[PDB]
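In what follows, a single structure is set out as structure tokens and then discussed.
What you see is part of a larger complex, with each chain still in position.
Labels A and B are assigned to the chains in the order they are written; within every chain, residues are numbered from 1.
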């Protein structure tokens, strides 16, 4: 019978495309979401119409807190409830906004959201995934620009760097269990909805390969590769999917 | 008048050596400590005997929490209270222990300690340092083995990777203010008290340059360079002080 995947933040944009591609590949999927219930439920509806009871939704805040470990355990539990197994975890959900060092949300809340979503929740989901255990693997959505970071995005950038460390540490630790742990690192893919079109076009013009952003599907293609049998010896690797952007000097 | 430095976790081991060498160079120093009050007071005594009114202690827990931003603000305030200025911040304090992914602190506590000390506290101290602002700089104590991490040290490794990101992000953002941000990355220096002698000797035998761990003073020498007028164009750099250890394959 069919393998099962959890994709965090799967209601929209890149997470949605990953969930859809995994589903087209034969996976049953847990569509995790936070606020986007309509989009999550609509996606599960689309996938279940394609193949009955091959998709479920699971809501959780992945901000760091006292209850985050239980929340992450329940996400993995929801995959076993629905499908009796959990083969693939994709850590995609991510808060992304500036946190300037020099002078809305308190800074402790910004820490909670940015470090929780990008690092701590992936760590806790990774714990719960492994504890509950074939071709088992984890794919972490990293960032090709982590060493050339956006100005005033220190907490975001810290969370993504921590995610590289988790990818490597978990690859090493989980290898004895046959669980591979890899990353996919977009440069610019779907640009933020709140970005103006002038600013979007400025980023596009920087990308060497085609002067355009990656589609969500091009990002998902790398995830599909990493979870496949064609990546059976790949662990601890982070594949940039950035059209050369990270190679361009200032 | 004499510049001033804050050193976190300065009561013992590497931080103590750092504080000592800063003081020998002419700095006034805030000796931050958490639990090691006797060692901290004793160090301030020794330094004030050498030059009166040039050392104070400052107690703070650097575990993550909603009041960590206030604690970090108060550490920087304590330097201004004692000395009227704060020229150098050294982020040295660090929790270090295993957190296995599979199999009596709660995981919430482990996250708070390891990510708070190694990453979030450095970030909040950097914010407070900058907000309060000559040769101004910050030095982060990193880890040369961050990409070849110890088995079952995921959270620690996550915090140290996050600290690399902070070093880079803050270097970029604080450059306009004339604040340099750099790192020093030991391999093995003073080995942990709790580590057994056999295990210490196994690590020693791995170091190409001398088959021995670094002294705390050797680590301090790199901090002294980075804060000095000889490093005036250096920002965002992490200097390994590892005797070649990170170059050795499995």
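What we mean here is this: a residue touches a chain if its C-beta (ideal position, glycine included) is under 8 Å from a C-beta of that chain, and two chains touch if they have at least 3 such contacts.
S.K.: List the number of copies present in the full complex, noting that all chains share one sequence and 2 are shown.
M.R.: Total copies of the sequence across the whole complex: 4.
Everything below uses one rule, namely that only the chains that are shown with their structure count from here on.
S.K.: When the C-alpha atoms of chain A and chain B are each averaged to a single point, how far apart are the two points in Å?
M.R.: 31
S.K.: Can you check the complex and tell me which residues of chain B touch chain A?
M.R.: Interface residues on chain B, with respect to chain A: 64-69, 100-102, 107-108, 111, 115, 119-120, 123-124, 126-127, 130-131, 146-147, 149, 151-155, 157-166, 168-170, 172-174, 177.
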